[PDB]
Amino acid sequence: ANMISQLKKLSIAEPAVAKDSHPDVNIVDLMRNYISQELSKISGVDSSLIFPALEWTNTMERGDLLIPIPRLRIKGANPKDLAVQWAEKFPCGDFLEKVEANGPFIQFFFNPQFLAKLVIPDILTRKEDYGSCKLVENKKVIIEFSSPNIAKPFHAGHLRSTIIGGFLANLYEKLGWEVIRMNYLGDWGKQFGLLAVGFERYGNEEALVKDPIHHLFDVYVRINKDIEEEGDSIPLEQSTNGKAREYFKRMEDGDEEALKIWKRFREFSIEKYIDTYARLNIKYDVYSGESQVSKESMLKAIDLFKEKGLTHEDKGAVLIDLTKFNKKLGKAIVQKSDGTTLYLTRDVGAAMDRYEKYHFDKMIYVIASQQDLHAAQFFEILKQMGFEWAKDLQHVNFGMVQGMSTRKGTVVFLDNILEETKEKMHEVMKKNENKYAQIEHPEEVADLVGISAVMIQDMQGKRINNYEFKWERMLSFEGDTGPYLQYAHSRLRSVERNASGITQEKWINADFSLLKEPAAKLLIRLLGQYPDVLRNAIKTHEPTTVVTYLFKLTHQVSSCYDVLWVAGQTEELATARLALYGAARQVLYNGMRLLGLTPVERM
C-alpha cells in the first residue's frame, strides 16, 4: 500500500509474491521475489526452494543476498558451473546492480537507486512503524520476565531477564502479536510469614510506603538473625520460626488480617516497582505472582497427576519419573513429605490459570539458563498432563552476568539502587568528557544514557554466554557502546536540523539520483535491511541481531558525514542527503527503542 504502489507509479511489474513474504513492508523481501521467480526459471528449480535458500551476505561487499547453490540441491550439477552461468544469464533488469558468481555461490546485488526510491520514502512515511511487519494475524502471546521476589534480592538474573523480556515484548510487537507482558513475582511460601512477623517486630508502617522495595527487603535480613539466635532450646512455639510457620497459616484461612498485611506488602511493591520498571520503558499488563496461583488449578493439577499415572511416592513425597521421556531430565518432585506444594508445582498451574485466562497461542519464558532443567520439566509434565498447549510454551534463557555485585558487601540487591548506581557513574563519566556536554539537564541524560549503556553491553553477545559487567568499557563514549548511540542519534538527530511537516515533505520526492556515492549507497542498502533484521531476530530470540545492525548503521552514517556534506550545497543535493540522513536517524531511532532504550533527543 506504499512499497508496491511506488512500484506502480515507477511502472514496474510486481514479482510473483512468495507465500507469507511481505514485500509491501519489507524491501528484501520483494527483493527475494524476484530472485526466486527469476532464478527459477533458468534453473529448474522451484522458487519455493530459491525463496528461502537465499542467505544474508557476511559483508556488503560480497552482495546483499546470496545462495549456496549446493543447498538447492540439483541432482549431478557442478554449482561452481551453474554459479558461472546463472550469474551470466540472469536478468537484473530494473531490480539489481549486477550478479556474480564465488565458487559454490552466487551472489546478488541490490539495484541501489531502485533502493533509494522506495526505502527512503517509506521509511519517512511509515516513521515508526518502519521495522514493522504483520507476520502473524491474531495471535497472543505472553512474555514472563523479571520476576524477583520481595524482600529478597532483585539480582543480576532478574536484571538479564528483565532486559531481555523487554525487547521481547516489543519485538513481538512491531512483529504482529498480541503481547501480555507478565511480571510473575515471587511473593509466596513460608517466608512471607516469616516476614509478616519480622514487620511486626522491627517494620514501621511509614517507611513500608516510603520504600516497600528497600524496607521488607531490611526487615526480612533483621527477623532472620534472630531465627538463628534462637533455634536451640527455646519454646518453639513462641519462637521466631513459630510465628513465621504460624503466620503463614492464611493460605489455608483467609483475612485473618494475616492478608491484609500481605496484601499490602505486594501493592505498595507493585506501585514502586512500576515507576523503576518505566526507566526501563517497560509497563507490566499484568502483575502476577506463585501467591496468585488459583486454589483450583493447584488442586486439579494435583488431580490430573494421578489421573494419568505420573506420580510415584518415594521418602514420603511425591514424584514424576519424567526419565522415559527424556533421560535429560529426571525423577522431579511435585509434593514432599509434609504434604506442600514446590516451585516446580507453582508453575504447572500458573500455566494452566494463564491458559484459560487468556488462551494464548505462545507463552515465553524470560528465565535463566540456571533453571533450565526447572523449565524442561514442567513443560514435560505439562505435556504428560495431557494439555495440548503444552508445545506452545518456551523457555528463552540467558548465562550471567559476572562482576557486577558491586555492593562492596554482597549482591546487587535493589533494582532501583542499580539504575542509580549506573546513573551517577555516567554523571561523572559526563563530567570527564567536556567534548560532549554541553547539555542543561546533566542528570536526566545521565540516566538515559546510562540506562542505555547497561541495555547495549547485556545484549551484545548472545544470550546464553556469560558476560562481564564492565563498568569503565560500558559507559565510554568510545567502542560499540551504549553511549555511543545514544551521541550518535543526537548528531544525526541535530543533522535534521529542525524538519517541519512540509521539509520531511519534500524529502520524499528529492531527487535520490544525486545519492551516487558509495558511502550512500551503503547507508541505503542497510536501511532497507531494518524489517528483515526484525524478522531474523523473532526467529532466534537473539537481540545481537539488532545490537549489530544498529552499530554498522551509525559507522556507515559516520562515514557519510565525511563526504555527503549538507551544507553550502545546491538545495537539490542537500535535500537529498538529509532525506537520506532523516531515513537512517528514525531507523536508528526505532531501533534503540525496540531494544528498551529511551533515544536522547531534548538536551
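Numbering follows the first chain given and starts at 1. Whichever C-alpha set is largest while still superposing within 1.5 Å between the two forms counts as the rigid core. Compared with the form deposited in another entry:
For the set 175, 519, 310, 156, a Cα shift of at least 2 angstroms between the two forms, after rigid core superposition, holds for 156 and for no other residue.
Core-superposed comparison between the two forms: the CA of residue 532 stays below a 2 Å shift. For residue 346, the Cα coordinates differ by under 2 angstroms between the two forms after the core has been superposed. After superposition on the rigid core, displacement of the C-alpha of residue 435 between the two forms amounts to 2 Å or more.
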Given for the second form:
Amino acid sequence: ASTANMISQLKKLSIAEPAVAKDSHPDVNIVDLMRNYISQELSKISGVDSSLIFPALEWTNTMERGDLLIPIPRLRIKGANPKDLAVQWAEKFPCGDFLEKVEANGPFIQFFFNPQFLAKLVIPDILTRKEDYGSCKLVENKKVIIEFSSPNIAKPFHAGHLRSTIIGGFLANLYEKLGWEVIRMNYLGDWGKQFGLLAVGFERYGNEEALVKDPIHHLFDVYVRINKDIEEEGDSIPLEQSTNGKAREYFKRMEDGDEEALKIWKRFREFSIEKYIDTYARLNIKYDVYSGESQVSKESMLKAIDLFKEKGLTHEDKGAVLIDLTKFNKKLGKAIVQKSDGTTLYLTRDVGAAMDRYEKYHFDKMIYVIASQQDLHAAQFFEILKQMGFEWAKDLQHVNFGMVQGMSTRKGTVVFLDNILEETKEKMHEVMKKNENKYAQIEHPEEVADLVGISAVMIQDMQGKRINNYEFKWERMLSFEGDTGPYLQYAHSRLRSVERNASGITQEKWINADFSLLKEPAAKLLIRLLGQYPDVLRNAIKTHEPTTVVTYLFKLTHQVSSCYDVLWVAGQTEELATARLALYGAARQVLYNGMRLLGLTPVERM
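Pass me the form deposited in another entry as well; I've looked at the form deposited in one PDB entry already.
Keep in mind that what follows is only the chain, not its partners or any molecules around it.
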C-alpha cells in the first residue's frame, strides 16, 4: 500500500541529528514513527529542516491536547507570528492514515494520531513481543554496575532501607530492558569500628546456641547491649582500658589479618548474606555480587595513596591526612582520608572500591543508589577520583533519594521492614476474605496477600520523585482504595478474569482481530495510551524515577477501568469480543510489563 510503503520508509528514516536520532527507534516505538512522519511532512510545508522540527515535537500533558504538539516559537522563525503559522501549517497538513486531525491552538500545532492506525500496529506488536514490547537492544555491549541497598550488616532493615533497595532494583530492570548488561551489587557495610564492636560484644554476650536461630537478630542485640556498655561507663575508665577502646584495636587487628578476628568476621558476614538472599528475593531482587567495604584490595588502597601524593591532593593536619577539595569546589570542603591512628575511613574505602570495580568490570557506567543524606560524601569521593586522573570517573553517577521520616533508635519509634510487610500482608488478607465467592477461588490466599501487600508498600514509596522525604504512616501501607499498589493488582486481576471468562477465544485470534471495531471514545483513549509505553521507558532511564513509570501505570489503569464499565467482552458478536479482548489483553500485558519492571509480582486472582 502507499501507507504500507510509507511505514517501511519511515521506520528506516533517520532525520534527527545523530545525537538524538541515536535514541529514535520507529521500529519498536510507534511515537518515534509518528515523530518521523510529522517532521517529514511539516518540513515540506514549512521549509524548515526536519532535524530541527523533530526535537521540537513534545508529548502533551493531557490527551485533549493531542498526542504530540509543537510550540512554533521553538523553531525560532524570525519575523513571523507563531499563531498565524500554526493556523496556516495545520490547515494544509496531510493526515493520510497516520493522523486523525491536526489543529492549531495558539502558538502551537497539535497532532492527533489515528487510533485505528495505532491499533493495527501497536496491539499486534504488544501481543507478539509481550515482555519485550517497550525494550531495546544496543549495537555495542554497554555494562553498568548499579550498587543499591548496601546496609550495614549490624542492623535490621527498617522502613528506611526499603528505598535504596527498590529504586536500585527498578533501575536494574530498566537498564536491562533497554539493552545494558547489568551488575547488581550490594556494598555491605562490613568493616570499621562498627564491626570491631560486634567482635568484643559477641565475646561478651555472644550466645552460641542463640546465634543459631537468627544471626542479624542476635547480632543486633549484642550490638545494642555492647553499645550501652560504652555509653553507660561514660568517660570514666580509659577507652582501651575499658571497652570501646579494646574494640578499635580488634578492627586494626582485622586489618592486620589476625586469623582469629577474621574467622569471626567471615562468620557474621556469611550468616547475614544467606539471610539477605531470602529477604531480597521477596522483593524480586537477586544480587550478582555481595561486595563490601572489607573487599577493597590493598593494591588499590596503596595505588590510591600514591595518586593522592602524585597529584598533591592530600596534606597533613592534626596528625591525620585529608584532602582540601576547596580548590576544585568550594562546597566540597575538606575530607579526612586517614585517621590519626592510621586507619582508613568510609570515604577512603569508597575510593579504593571504585578502583577495584573498574579493574574487575571495566564498566561503561556505575550508579550508586544512596540517600541524599550522603550527598556530600558522594560528591567528595567522586571529585577525588576525578582529580586522581581517572578517565572513567566521569562515568560515575549518584542517584539519591529522600528520607522516610518518623524513625528513631534512641526513641524506639522505628518500624522494621519485616513487621511492615507482615502487617500489610495480614491486612490485605483480611480484605481478601470479604468476598467469599472470589476468595474460594484462590489456591494460596496467604501468598497472594503478601504479593498485594508488597505492591502497596513499594508503590506508596515510588509514587513521588525519589528526592522527596515522606513520613512513615501505617495508612500509606494499608490503604487499598485510590491510586495504590492494590489498585494496580486489582486491574491486572480483573483483566485476567475477563480473559478467562472468554477463554473460548484464544490469544492467537486477538492478533488477527478486526481493529476497526475499536472506535468508541474510551477505546481510542486506551489505544493511544498503549502506544506511549516505549516513550515512558526511554524517559524513565533519563529521569531515573520510578514515578515516571508509576504515573503512567495509573493513567493506563484508570482508562482500562473506565473502559471496563462500558466496553464489554462477553455477550457480544465473536468479532467484537475478539477485538475488545485484543485491546484489553494488550493493556494487561503493558501493565504486567510495567509492574514487573518496578519489581512487583502481578497476581492473577485476589
